[PDB]
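Structure first, then comments.
The complex is shown incomplete by one protein chain, all other protein chains being positioned as in the whole.
Should a chain be cited, it is by its letter among A, B and C, assigned in written order, with residues numbered from 1 in that chain.
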Amino acid sequence: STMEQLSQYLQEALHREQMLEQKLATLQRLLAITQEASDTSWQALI
Amino acid sequence: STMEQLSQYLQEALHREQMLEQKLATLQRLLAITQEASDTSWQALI
Amino acid sequence: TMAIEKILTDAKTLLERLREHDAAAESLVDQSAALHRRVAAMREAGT
Partner (left out) sequence: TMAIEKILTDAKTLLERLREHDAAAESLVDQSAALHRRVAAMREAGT
């Protein structure tokens, strides 16, 4: 059945896209703590 | 028509997902040149 | 009861999440660009 195969593709595309977002959210936080990790060194150079 | 509205949603989801990938590719290159930009400073500290 | 009622909702939801996450990736680009600028300025201030 194509309309049971559809509903699988879409439901699994939605699942995989929530996986992707979870990686993007991890990226956002990794970049933020890297930005703040540089602050002390950057201040030391004025 | 739902099967003309479908085909729009999907075709536009494919378009927007190529937009997203173009941003991810820009991210990859920005991170790479940031990694290499740190090399000289890191070497200066041994 | 019909099928598409849940498919169309899923495709509509799929595209909306792609839109807000494509924006999220855009803000990531600027995040990493700001980090790039900061790392490059530390190097030039060490040269």
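Definition applied: a residue touches a chain if its C-beta (ideal position, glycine included) is under 8 Å from a C-beta of that chain, and two chains touch if they have at least 3 such contacts.
For chain B, the residues touching the absent chain in the complete assembly are 3, 6-7, 10-11, 13-14, 17-18, 20-21, 24-25, 27-28, 31-32, 34-35, 38, 41-42, 45-46.
Touching the omitted chain from chain A are residues 2, 5-6, 9-10, 12-13, 16-17, 19-20, 23-24, 26-27, 30-31, 33-34, 37-38, 40-41, 44.
In this text, only the chains that are shown with their structure count from here on.
Spacing of chain A relative to chain B, judged by their CA centroids, is 11 angstrom. Separating the centre of chain B from that of chain C, both taken as means of CA atoms, is a distance of 8 Å. For chain A, residues that reach two or more other chains under the stated contact definition are 27.
In chain C, the residues touching two or more other chains are 4, 7, 11, 14, 18, 21, 25, 28, 32, 35, 39, 42, 46.
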